[PDB]
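Engineer: Next come the chains, spelled out residue by residue.
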Amino acid sequence: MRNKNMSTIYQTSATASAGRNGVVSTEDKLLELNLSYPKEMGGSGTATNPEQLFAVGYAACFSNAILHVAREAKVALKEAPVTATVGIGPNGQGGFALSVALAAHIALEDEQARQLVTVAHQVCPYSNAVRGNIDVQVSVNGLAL
Amino acid sequence: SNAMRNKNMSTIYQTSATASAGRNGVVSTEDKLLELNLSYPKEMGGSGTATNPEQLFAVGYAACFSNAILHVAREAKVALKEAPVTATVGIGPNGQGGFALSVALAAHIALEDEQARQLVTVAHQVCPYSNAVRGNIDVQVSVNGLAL
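Protein chains in written order, with our numbering: chain Y, 1 to 145; chain H, 1001 to 1148.
Looking at chain Y on its own, in the form it has when it is part of the complex:
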């Protein structure tokens, strides 16, 4: 099954107590941030927020996954720029939902690029986490997957 972490290779942890409006940090204090509401949600937009954090994390994870598959395919790829776009809105059941698009730009003939990025979307742990909940809109060199 694509969901079971069968053996933990790396573990981290973080604590927050003021939700979207205060501090959050990894317990080892390696990553420490102030959070605030964006202007769109009535805030100052003076700091980051969980949607941005998810965008940054997923872009990074997906980029890493593409570079991983490239390595395994012995395809020299210097960079794998990924732009992640994350939205939030109400789900109509009283909760909230995320929407995600991922746009990868890769220096390979398009069918080869599609093959790499398609495999990467299978192996990426953020993709595995959200599969079936978020229909992630993935494109490669401007073409929809």
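In short, the hints are calculated from the structure, not lab data. Any given hint could be a false lead.
[Said to hold, decoys possible] Sample of chain H residues lacking proximity to chain Y, with all beta carbon distances greater than 10 Å (derived):
{"id": "1", "residue": "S1001"}
{"id": "2", "residue": "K1007"}
{"id": "3", "residue": "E1043"}
{"id": "4", "residue": "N1052"}
{"id": "5", "residue": "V1059"}
{"id": "6", "residue": "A1063"}
{"id": "7", "residue": "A1076"}
{"id": "8", "residue": "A1079"}
{"id": "9", "residue": "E1082"}
{"id": "10", "residue": "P1093"}
{"id": "11", "residue": "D1113"}
{"id": "12", "residue": "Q1115"}
{"id": "13", "residue": "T1121"}
{"id": "14", "residue": "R1134"}
{"id": "15", "residue": "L1146"}
{"id": "16", "residue": "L1148"}
[Unchecked claim] Distance windows between CB atoms, simulated:
{"id": "17", "chain 1": "Y", "residue 1": "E79", "chain 2": "H", "residue 2": "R1117", "range": "41 to 51 Å"}
{"id": "18", "chain 1": "Y", "residue 1": "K29", "chain 2": "H", "residue 2": "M1004", "range": "34 to 44 Å"}
{"id": "19", "chain 1": "Y", "residue 1": "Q112", "chain 2": "H", "residue 2": "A1076", "range": "46 to 56 Å"}
{"id": "20", "chain 1": "Y", "residue 1": "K78", "chain 2": "H", "residue 2": "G1145", "range": "47 to 57 Å"}
{"id": "21", "chain 1": "Y", "residue 1": "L143", "chain 2": "H", "residue 2": "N1144", "range": "46 to 56 Å"}
{"id": "22", "chain 1": "Y", "residue 1": "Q137", "chain 2": "H", "residue 2": "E1112", "range": "36 to 46 Å"}
{"id": "23", "chain 1": "Y", "residue 1": "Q112", "chain 2": "H", "residue 2": "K1077", "range": "29 to 39 Å"}
{"id": "24", "chain 1": "H", "residue 1": "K1032", "chain 2": "Y", "residue 2": "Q112", "range": "41 to 51 Å"}
{"id": "25", "chain 1": "H", "residue 1": "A1079", "chain 2": "Y", "residue 2": "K29", "range": "28 to 38 Å"}
{"id": "26", "chain 1": "H", "residue 1": "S1010", "chain 2": "Y", "residue 2": "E27", "range": "28 to 38 Å"}
Beta carbons are placed, not taken as given, at the ideal position from N, Cα and C, and that holds for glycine.
Starting from the known structure of chain Y, fit chain H onto it as the hints suggest.
Structural biologist: Just chain H now, kept in the frame of chain Y:
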């Protein structure tokens, strides 16, 4: 998974970020509110000098879930001054050639027993990160040391 409980019916807020990861990677939001360097952790072949997506997920989920608890408490007019949440995020191989995350959310709150179970249970239904991972990650939620 439940696609309907994760339908964004009207976007309140949208944001973008672009990563050129690997090592030594960088990632930035389009508005520059967040600019970070990236590293693989030492446990996964890297230098662990900068941040990584599991840290980013831990921070995001801890904050989102703390907020969800505060949100429901407010709706319930249950006085909470704060809602401490520790999110623990692990990564390892799945059986199929990819990787999967494990998540635990430990709330440490001034409310107890079945009232607390009820409140944090609602929070876990409302929280957008919880809706995003439902069924895929068996998120291990606890309140004051006790399973949800």
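Engineer: Evaluate each hint against the coordinates.
Structural biologist: Consistency of the hints with the structure:
1. With a cut of 10 Å on Cβ distances, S1001 (chain H) falls inside the contact zone with chain Y, its closest approach being about 3 Å.
2. Under the 10 Å C-beta cut-off, the non-interface status given to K1007 (chain H) relative to chain Y is violated; the minimum distance is some 6 Å.
3. With a cut of 10 Å on Cβ distances, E1043 (chain H) falls inside the contact zone with chain Y, its closest approach being about 4 Å.
4. The Cβ of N1052 (chain H) sits about 7 Å from the closest Cβ of chain Y, inside the 10 Å cut-off, so the non-interface label is violated.
5. Under the 10 Å C-beta cut-off, the non-interface status given to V1059 (chain H) relative to chain Y is violated; the minimum distance is some 5 Å.
6. Distance to chain Y contradicts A1063 (chain H) as a non-interface residue, since its nearest Cβ pair spans about 4 Å, not more than 10 Å.
7. Interface exclusion of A1076 (chain H) from chain Y stands, the closest Cβ pair being 13 Å apart, more than 10 Å.
8. Taking the minimum C-beta to C-beta distance to chain Y, about 15 Å, the non-interface status of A1079 (chain H) holds against the 10 Å cut.
9. For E1082 (chain H), the shortest C-beta to C-beta distance to chain Y comes to about 4 Å, within the 10 Å cut-off, and the non-interface label is violated.
10. Some Cβ of chain Y comes within 10 Å of the Cβ of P1093 (chain H); the nearest lies about 6 Å off, and the non-interface call is violated.
11. The claim that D1113 (chain H) lies off the interface holds: its Cβ sits roughly 21 Å from the closest Cβ of chain Y, which is beyond the 10 Å cut-off.
12. Distance check on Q1115 (chain H): its Cβ is at least 19 Å (rounded) from any Cβ of chain Y, clearing the 10 Å threshold; non-interface status holds.
13. Every beta carbon of chain Y lies more than 10 Å from that of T1121 (chain H), the smallest distance being close to 12 Å; the non-interface claim holds.
14. Look at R1134 (chain H): its CB is around 6 Å from the nearest CB on chain Y, not clear of 10 Å, so calling it non-interface is violated.
15. Every CB of chain Y lies more than 10 Å from the CB of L1146 (chain H), the least distance being 18 Å, so the non-interface label holds.
16. No beta-carbon of chain Y is positioned within 10 Å of the beta-carbon of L1148 (chain H); the least distance is around 16 Å.
17. Range check, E79 (chain Y) to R1117 (chain H): about 47 Å between beta-carbon atoms, so the 41 to 51 Å window is met.
18. Between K29 (chain Y) and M1004 (chain H), the C-beta spacing of about 39 Å keeps the proposed range 34 to 44 Å intact.
19. As the Cβ distance of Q112 (chain Y) to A1076 (chain H) is approximately 54 Å, the hint placing it in 46 to 56 Å holds.
20. Checking the proposed 47 to 57 Å range against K78 (chain Y) and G1145 (chain H) shows it holds: the Cβ atoms sit about 48 Å from each other.
21. Between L143 (chain Y) and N1144 (chain H) the beta carbon distance is about 50 Å. The supplied range of 46 to 56 Å therefore holds.
22. One distance hint, 36 to 46 Å for the beta-carbon pair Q137 (chain Y) and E1112 (chain H), holds here, with the actual separation near 43 Å.
23. Look at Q112 (chain Y) against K1077 (chain H): about 58 Å separates their beta carbons, and that is not inside 29 to 39 Å.
24. One distance hint, 41 to 51 Å for the beta-carbon pair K1032 (chain H) and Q112 (chain Y), is violated here, with the actual separation near 33 Å.
25. Range check, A1079 (chain H) to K29 (chain Y): Cβ separation about 30 Å, and the 28 to 38 Å hint holds.
26. Between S1010 (chain H) and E27 (chain Y), the C-beta spacing of about 36 Å keeps the proposed range 28 to 38 Å intact.
Checked against the numbered hints listed earlier, the structure breaks hints 1, 2, 3, 4, 5, 6, 9, 10, 14, 23 and 24; every other hint is satisfied.
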